[PDB]
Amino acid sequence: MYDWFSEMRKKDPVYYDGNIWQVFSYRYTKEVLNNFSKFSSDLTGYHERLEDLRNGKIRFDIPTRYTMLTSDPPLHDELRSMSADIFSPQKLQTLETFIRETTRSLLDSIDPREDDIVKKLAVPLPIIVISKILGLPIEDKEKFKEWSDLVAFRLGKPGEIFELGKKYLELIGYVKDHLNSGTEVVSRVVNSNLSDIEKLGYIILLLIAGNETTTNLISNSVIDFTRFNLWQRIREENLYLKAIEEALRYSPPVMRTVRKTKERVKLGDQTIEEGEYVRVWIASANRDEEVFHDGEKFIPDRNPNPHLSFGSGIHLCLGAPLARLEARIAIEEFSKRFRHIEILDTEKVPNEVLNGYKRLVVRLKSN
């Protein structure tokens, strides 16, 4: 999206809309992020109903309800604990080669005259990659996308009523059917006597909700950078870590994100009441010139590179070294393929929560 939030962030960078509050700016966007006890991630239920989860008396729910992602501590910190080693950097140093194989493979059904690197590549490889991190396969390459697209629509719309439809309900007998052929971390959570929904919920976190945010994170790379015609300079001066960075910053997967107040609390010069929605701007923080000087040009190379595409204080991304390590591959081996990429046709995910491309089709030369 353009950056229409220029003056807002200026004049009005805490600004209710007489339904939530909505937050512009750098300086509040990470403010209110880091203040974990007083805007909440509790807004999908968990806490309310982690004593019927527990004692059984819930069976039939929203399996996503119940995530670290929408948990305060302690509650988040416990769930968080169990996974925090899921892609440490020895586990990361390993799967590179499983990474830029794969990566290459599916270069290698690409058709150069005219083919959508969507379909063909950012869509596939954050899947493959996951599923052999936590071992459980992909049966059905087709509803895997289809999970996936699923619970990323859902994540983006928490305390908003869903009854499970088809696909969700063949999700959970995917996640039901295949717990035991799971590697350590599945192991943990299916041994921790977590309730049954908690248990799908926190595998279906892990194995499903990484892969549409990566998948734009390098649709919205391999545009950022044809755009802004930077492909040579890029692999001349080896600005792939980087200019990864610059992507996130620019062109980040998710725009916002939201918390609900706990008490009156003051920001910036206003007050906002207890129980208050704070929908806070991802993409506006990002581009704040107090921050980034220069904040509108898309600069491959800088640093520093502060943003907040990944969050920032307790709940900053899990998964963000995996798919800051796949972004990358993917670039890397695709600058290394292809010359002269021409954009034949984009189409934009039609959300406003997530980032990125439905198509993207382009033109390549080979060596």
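Numbering follows the first chain given and starts at 1. If you superpose the two forms and keep the largest set of C-alpha atoms that fall within 1.5 Å, you have the rigid core. First, how it differs from the form deposited in another entry.
- Rigid-core fit between these two forms: of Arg154, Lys120, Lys199, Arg287, the one residue whose Cα shifts 2 angstroms or more is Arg154.
- A movement of the C-alpha atom of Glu273 falling short of 2 angstroms is seen between these two forms when the two forms are aligned on their rigid core.
- The rigid-core alignment places the CA of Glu163 2 Å or more apart between these two forms.
- Core-superposed comparison between these two forms: CA of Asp111 displaced by less than 2 Å.
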Contents of the next structure:
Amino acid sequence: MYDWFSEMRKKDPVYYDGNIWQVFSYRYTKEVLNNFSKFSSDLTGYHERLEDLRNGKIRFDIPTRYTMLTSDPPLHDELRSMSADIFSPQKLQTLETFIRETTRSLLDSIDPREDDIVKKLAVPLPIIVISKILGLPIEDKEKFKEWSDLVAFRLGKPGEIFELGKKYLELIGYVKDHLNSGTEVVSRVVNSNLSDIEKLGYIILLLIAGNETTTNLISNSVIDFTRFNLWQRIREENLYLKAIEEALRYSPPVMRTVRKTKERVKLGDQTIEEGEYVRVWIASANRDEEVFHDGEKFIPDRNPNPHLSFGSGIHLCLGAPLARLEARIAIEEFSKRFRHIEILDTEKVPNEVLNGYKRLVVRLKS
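Let me have the form deposited in another entry next, following on from the form deposited in one PDB entry.
Below: the lone chain, stripped of partners and molecules.
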């Protein structure tokens, strides 16, 4: 649907189709994302229940409705400041050896003749890394794999209520079980003025917000580098940093995000009424010809590359530096292991927001 995106960017960058508003151009998607006053992220009733949560009036509820992702400032900033430096440059420098050793370990498990790199590399890496950072027992990776499906970007589908109930029951129980054995990261959260439900929500967000997305970055990168035959060049010219950024732009793990109008507002030539949902197409903005010359092409050394794959504004992905580091080390170590790669079989996740692969079977020549 990238051709439909281009047509919309040209004729209706801000389009109303009866029920929701949709934005396709780079200029307007960025404007929406940055104007948090007009375009709110308070879509889960968080602000409305903050008083009763902090009072202990609400005792039970789905914890994932109360995270920094579904909040506007000042609440949003009060929450985010508790972990603003979790992925600081110094912290990541120190994690480099652990991340590199971990992917080398995962690569060691790959059978060159024919293996699934999503299963052996892309899925485990982010999970193992976040577990170390949070101080949660890696010995529960498989469970973590299951719970990663709960990431907020994923919308509902019929017949999942029982399955989801099971995961929530286990996940919540696990977090409550390890709230006081985590790193300073979780300690600061557990020792704040937040209600119990919010603490749960906060820890779950940090635990699952980047698993499927980071996995998708690695998978999408492997697919793009292979299909456009760039492995040789990337190693040769050391285009890892720029190439991964071009994968993020071209094959964004998250296709779009949503906002709700906080009052009548004019975006472009349109006046969006108060209380309307606005779908922001990150994938389309990333192809905007005005901002990305030859945007329909995968240019490995494209520079600069101001894509919106991690968002923009106050909710700009907290894990961006980590995701970038993990993916880079993954792709570097992988490239150093094979002389030729061949994609034998793939299976794509069936979702309109999360963009990635469920299976990626390849054959490698070490």
